[PDB]
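Below, in structure tokens: the form solved without the partner chain, a single chain.
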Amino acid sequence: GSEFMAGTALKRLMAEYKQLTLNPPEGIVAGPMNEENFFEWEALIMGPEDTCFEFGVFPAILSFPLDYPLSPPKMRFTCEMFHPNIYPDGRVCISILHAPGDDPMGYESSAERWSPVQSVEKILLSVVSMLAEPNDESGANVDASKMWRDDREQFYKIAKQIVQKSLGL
């Protein structure tokens, strides 16, 4: 079949890489984890500056669909994390990573959802902001949601643990 959409996705991905290379954004680093496969990217998220996740170095994997940029990639942290918006297996669940009207009724579905005008940079950018600002309204991690809403002081405690664990301590 016309692996034309795949080829287009590839070129789109190369373009975004070129751009991240010549115009790197702060606290982010991402790129194919192997030249041979531009659909599997490795990334590093640095913990937001004055947040409970500061000084943390969180690696992640972005897997891009063959129809990119029509659909968003899947993003999964590779280290341990404790966030309301992150699943047990590392999967990141935020609006920009869901197809418009993907599912789960959304008003703001209209603007904060995936679209060809988005980019891995913007994705990574919002994930960073996700770290710096949680939203207990994401059953990704029930325990993290409950804790953040109820006992937040303990949340900050476990978060600092997450950072240390990422540092290899």
The other form holds:
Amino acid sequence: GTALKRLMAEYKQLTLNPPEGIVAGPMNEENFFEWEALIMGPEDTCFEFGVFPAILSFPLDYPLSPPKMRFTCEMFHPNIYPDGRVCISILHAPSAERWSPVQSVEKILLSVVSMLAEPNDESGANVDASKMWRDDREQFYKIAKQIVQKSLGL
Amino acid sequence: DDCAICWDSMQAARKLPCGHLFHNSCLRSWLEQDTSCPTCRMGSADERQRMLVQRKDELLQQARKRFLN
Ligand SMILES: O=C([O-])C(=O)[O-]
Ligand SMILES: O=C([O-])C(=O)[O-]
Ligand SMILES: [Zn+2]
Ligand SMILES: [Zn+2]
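Alright, leaving the form solved without the partner chain aside, put up the form deposited with the partner chain bound.
Whole complex next, starting from this chain.
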């Protein structure tokens, strides 16, 4: 199958040169369709030192369709649903920057580490978080801090 | 069918205006989904699992340290 071949090759490539603050791979090589990714909040960003586990569930026809990505911990963020589902352009199936077979797990994760630092103010997985991100940026920084604490277990 | 030397699909490429090119079956699969150019717009397993698991809780451990400074 193409999906499994791509996924095996992406994992090998990924592992060779992992971006700072991201560990990603299958939870068991017997099933390359189910991965876990740990992402660290970049330094000097508001989710600084947070460690956020997400599950990527890949479709049979990958890379024709995007994986679903769901954060497993608690999050407060304009682009994340209450259940943890991540909603950004690159993760939506076919004027944004949608999914194409030329994307990758790696590019998905770059995109997600980006959104933690610079939210999509006008996208509404999380209205509450969107509003605050604009009106009360100051509170948002506080809620973000306790979100980090929690991801760390503290 | 498949190459008799290597046992791979041996299938034709199709080229597009923008320059880029792909296997005919791969491109068609995509066209089925979207009428655009996919590129532009139009060793033991157990040792691997253990390395991966160990890098995950080292990320966590190290995160705790940076946070507590
Ligand atoms: O002989 C062949 O080419 C085969 O079995 O795929
Ligand atoms: O068999 C074919 O389709 C060819 O040679 O282009
Ligand atoms: Zn191909
Ligand atoms: Zn092209």
